[PDB]
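> Chain by chain, the residues:
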Amino acid sequence: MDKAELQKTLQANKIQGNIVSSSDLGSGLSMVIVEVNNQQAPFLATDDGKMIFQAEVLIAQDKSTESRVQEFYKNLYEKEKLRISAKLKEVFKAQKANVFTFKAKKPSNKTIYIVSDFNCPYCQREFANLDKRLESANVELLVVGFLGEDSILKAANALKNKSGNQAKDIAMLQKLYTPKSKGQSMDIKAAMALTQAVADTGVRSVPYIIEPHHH
Amino acid sequence: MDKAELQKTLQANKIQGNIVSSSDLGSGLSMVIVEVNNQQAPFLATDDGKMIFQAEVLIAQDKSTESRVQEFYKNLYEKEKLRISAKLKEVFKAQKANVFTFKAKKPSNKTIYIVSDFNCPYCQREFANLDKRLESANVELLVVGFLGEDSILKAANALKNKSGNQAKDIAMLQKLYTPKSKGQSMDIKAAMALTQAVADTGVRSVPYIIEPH
Numbered sequence: 001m002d003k004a005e006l007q008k009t010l011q012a013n014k015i016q017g018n019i020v021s022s023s024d025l026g027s028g029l030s031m032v033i034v035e036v037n038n039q040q041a042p043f044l045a046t047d048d049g050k051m052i053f054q055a056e057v058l059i060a061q062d063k064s065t066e067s068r069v070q071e072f073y074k075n076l077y078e079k080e081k082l083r084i085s086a087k088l089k090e091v092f093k094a095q096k097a098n099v100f101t102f103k104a105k106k107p108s109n110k111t112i113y114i115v116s117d118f119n120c121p122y123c124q125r126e127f128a129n130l131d132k133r134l135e136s137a138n139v140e141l142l143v144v145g146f147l148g149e150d151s152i153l154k155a156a157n158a159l160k161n162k163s164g165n166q167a168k169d170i171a172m173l174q175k176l177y178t179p180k181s182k183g184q185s186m187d188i189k190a191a192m193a194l195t196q197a198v199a200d201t202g203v204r205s206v207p208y209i210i211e212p213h214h215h
Numbered sequence: 001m002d003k004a005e006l007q008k009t010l011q012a013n014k015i016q017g018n019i020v021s022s023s024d025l026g027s028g029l030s031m032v033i034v035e036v037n038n039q040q041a042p043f044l045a046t047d048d049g050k051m052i053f054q055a056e057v058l059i060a061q062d063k064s065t066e067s068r069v070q071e072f073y074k075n076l077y078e079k080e081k082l083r084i085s086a087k088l089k090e091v092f093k094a095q096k097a098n099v100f101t102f103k104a105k106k107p108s109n110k111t112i113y114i115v116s117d118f119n120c121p122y123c124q125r126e127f128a129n130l131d132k133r134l135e136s137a138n139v140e141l142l143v144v145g146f147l148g149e150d151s152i153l154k155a156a157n158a159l160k161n162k163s164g165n166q167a168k169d170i171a172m173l174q175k176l177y178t179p180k181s182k183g184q185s186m187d188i189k190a191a192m193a194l195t196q197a198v199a200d201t202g203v204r205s206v207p208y209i210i211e212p213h
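First to last, the protein sequences are chains B and A.
With the entry's author numbering, letter number 76 in the first sequence gets 76, and the count goes up by one each step, no holes.
With the entry's author numbering, letter number 153 in the second sequence gets 153, and the count goes up by one each step, no holes.
Hints were generated in silico from the structure; no laboratory data involved.
Keep in mind that the hints are not guaranteed to be accurate.
Derived list of chain B stretches under chain A, where covered just means 3 residues or more per stretch with a C-beta under 8 Å from a C-beta of chain A [unchecked claim]:
(1) 120–130
(2) 147–158
(3) 197–209
The list that follows gives simulated cross-link-like pairs (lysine-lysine, DSSO-like), each with its CA atoms no further than 30 Å apart [claimed, not checked]:
(4) A:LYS63 / B:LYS8
(5) A:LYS74 / B:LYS14
(6) B:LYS189 / B:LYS105
(7) A:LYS74 / B:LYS8
Computed from the model, here is a short list of chain A residues facing chain B with C-beta under 10 Å [claimed, not checked]:
(8) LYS8
(9) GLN40
(10) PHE43
(11) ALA55
(12) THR65
Every residue, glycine too, gets a C-beta built ideally from N, C-alpha and C.
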């Protein structure tokens, strides 16, 4: 595979990614990983690097070739999920002061990590199930301003109003999560740095939830 | 490319098609047409014939090549539509007893052909515009059971209750297109034969409309 031709193909069509790797598939085709903003995606390309595409429907004469492509998509998605999870957990550790920690109803060594935005409706839905999360595990919650100015305001508000008292903090977050609530004007530097740090992991959508390791 | 490999590749994945054509695209790939039961579809394939695929997202260093693939898809889609419409017009004439023929509001020698299913959401809206279709042309309407038992039952009811009186047939169909209406049980053999005849043309989705142009 010629990486130099791959770069020309990506540029000819606007793309902002670094060719991570290329694996020969055969029949003049290779599996290519393109990483934009640290997020890795799988592609197929011709060995000369002149064409890049993804195939919804792929039919191969050899069964082994069909399984290998399936494996490549399956493994990359798993590695990315693991990589995003490890980075997010380090942000939770580094940004400890800005994290709401809610203990499980009964002592637990399991933590559920949640990234949320006050204005996202599903996050509002997730927050209503908080007590039902709490039966199973501890919950660590980071609120980010991903959906516009109002979210950053609310995220900024939560950071000064965070007391470290579970019941008081949940009641306080509850008001911010109210649909069509209004953020109180204040300095938003902390929310932005918190939110940017979270985005750098590869978290793009809220609510983002990491459950306890299984099997 | 190696058309022998392409057939041998088709056997491997149990595709019972005929390799119509192959045209080189570049970079070891060619545009291929595969026909199953006279329906042709566009695919991409390696020159050795060992791999065939459909690409929703395609990026090419030379943009002309990318445009050429779009040209290939569009031209095949138009030829298939023309082929399907010609077979469908033959079905309409063979199944005339089962066709609702609606005269245009004022005399016209143009005809619009419509294949419909009573339970399709877009079909109910298409039927609500029939008065406006009839301002431009005559309309021939076949209602088939493509979306489950209630659709087939409604198709059977319509064929049994068809009078040939335009005003009453439209009032009858209006009832069947209403979403909470339920199909009345009876023999579905005629509706089934009607439905299969339309399907054999290659019609896969409703509403399917042949306009005069």
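> Hints numbered earlier in the text: which of these fail when held up against the supplied structure?
1, 2, 3, 6, 9
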